[PDB]
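Colleague: If you want the building blocks of each chain, they are given just below.
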Amino acid sequence: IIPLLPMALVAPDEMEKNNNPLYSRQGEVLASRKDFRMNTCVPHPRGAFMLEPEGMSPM
Amino acid sequence: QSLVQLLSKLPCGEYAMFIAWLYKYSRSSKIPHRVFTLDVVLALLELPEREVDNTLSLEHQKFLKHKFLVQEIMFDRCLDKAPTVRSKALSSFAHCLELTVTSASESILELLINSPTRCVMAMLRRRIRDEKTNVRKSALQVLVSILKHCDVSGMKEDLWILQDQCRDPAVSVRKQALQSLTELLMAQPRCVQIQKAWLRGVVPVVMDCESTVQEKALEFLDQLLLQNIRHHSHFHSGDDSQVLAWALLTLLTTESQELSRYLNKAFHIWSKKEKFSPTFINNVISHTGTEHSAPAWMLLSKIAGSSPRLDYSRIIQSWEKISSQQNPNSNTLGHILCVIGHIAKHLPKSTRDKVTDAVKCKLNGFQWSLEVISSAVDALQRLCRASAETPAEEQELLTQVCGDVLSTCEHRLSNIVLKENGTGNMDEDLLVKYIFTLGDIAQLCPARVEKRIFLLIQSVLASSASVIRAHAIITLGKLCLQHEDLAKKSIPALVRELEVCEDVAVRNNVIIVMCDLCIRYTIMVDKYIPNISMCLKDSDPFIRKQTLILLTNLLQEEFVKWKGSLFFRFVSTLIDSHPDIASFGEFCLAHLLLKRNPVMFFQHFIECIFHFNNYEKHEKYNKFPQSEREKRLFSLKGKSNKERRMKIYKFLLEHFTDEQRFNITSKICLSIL
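So the sequence lines, in the order shown, correspond to chains V and D. For the first sequence, our numbering gives the first residue as 309, with consecutive numbering after it. For the second sequence, our numbering gives the first residue as 621, with consecutive numbering after it.
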């Protein structure tokens, strides 16, 4: 019944987000690097980016 | 016991006629009598085969054979019409088949399971669909009792079916199937595909809502992997617990890597529990000399980050050796960089200076893939964090370190892109990794980006009218995440490029970028949400499933206040031709949206009915705007469309509860009618 869960549906650990914070032009820390999903983008030989390399590749 | 003793007293003929009467008595319709007779048939099968009496008749001689007995009785007993009777029949079947295993009558097993063309795989496929859980428990027990003596070659699909019963959502089913697979992998240690299907089975166990079977999986994997490998001097090929664990992590390399997230959650539990040990650190340091250390290094990716207290000089020497080497495995070098970043709080500056110098010279080398570039730039953020103890100090140090490679790659892009470019006069990979390096630098120095860089990458965008262009839009998005003025300047051009350009991959990247700008700037891109809603109707199904993943990430935090058009899109995406993406949609709403709030479909039902009816003149509702493009995309009406209407309607009915069904029947019989 229950299928596989997509991995992107899980929030990351807080200490990891403390370990990579992102700051501003003024230098104050605004967010973390793991708060955004282009870090989790995966390259393709055609140049595409997908969150899940596991699965059907586009033709 | 009394029958067995009296049967030993009985001669073969009296036994024969009494088996004839008992076989006739098996057809009696009394349920406890049938239960008692099948139990005493099992008791007779506990005894070996009765001595062959040639004086007896052919009908009496055939009673002697245990194969004929299990062919006559329990073939009908497993195929009865009562659930408890079939449950006890399958329990007696598992007992009699392990009895034939102990009596080494494998020909009986082959005659039942693989009769030369009644198929036991077929009836097992029936048993796993049974409502009763213990029927499936007896079924899994009897199918794991078999094939422990025979190879899996030719019937690995039965094992594939076995992790399909690991999928069954019952506490006892996983609670016994996990023990079954753990005794399978130690029944025979040497079969790679059994371990592959095993690890595929066991890594989604620990995401269950139930906690105890999750933990039983956690310490079963602890005794399989954590409590197997010893010190490398102590390590021996004869110590096959170590060899099995080494082979299991050898199957963890390039086969399934999403499970590392489950491992991060498991180690997060063991970080709450502090189950990591300095003895584990000593063991993995002892195995750093081994060539098997690369999965041990990616195990150390977060394990070593808890408390760096030791000497890591040999790790630095090995990293220097593989960095002087030019073509390593990218995963190995990336995991070595992340463990170096995690232990940098304990490491001194006396090594950090030459580490950063080696990074700077090899960054001038540009000898990596882009994933290694991303791991390296976050690791160098870690090195600047460990170098400094003041926000101004890390600001200045990260500023100058990023400024060096910023000016370097800036000079390279001025020499290439700002100068004339031929069709084939450049290498695409070098320029793409150069732009990616500049994007990572501008991520790490937001204060050091100027308007000349803005017009440079705008001129790069002007070279549109492909592979480089989408990555340029990605880096533009990384920059306008920090620059709201460039974001406001860009978004009409981005929206125009969304509904003009024709390549699927660049539009995928544009949607990913502007939805992460939705996560940053929801208050401003709420007006651009209907661009996502119309882009939901893509020709390519991968685009549609990717936007499903994005809208799932938008809905799980609940960024936006809920509007009926969004719910209309959530309903409308469910008529995908590919069933897996749609079923991901219903699974997402069932496990998340139903959990978060149960009443959304209750108010949304009537306007969903009006939306699929093309009715806009409602007094209470239907106040939302509409576009011509979505009007022609929404072919949702007519005789050609009625089937998906009441399909969706009955899906919503089974989503509704009985109290909700009663209240919604009251609402439809009052308000609409």
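Be aware that a few hints might be false.
For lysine-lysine, the following DSS-like pairs were computed, each having C-alpha atoms within a straight-line distance of at most 27 Å [unchecked claim]:
#1 V:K325 with D:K1287
#2 D:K965 with V:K342
#3 D:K1053 with V:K325
#4 D:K1053 with D:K1183
Some chain D residues flagged as far from chain V (calculated, every beta-carbon gap over 10 Å) [stated by the list, open to error]:
#5 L869
#6 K885
#7 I1268
Just so you know, these hints were derived from the structure itself, not from any lab. Just so it is clear, CB atoms sit at the ideal spot from N, CA and C, and this is done for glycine as well.
Colleague: Hint by hint, say whether it matches the structure.
Modeller: These are the hints, each one checked on the structure:
no., hint, result
1, V:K325 with D:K1287, "violated (48 Å)"
2, D:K965 with V:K342, "holds (20 Å)"
3, D:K1053 with V:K325, "holds (26 Å)"
4, D:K1053 with D:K1183, "violated (42 Å)"
5, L869, "holds (19 Å)"
6, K885, "violated (7 Å)"
7, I1268, "holds (20 Å)"
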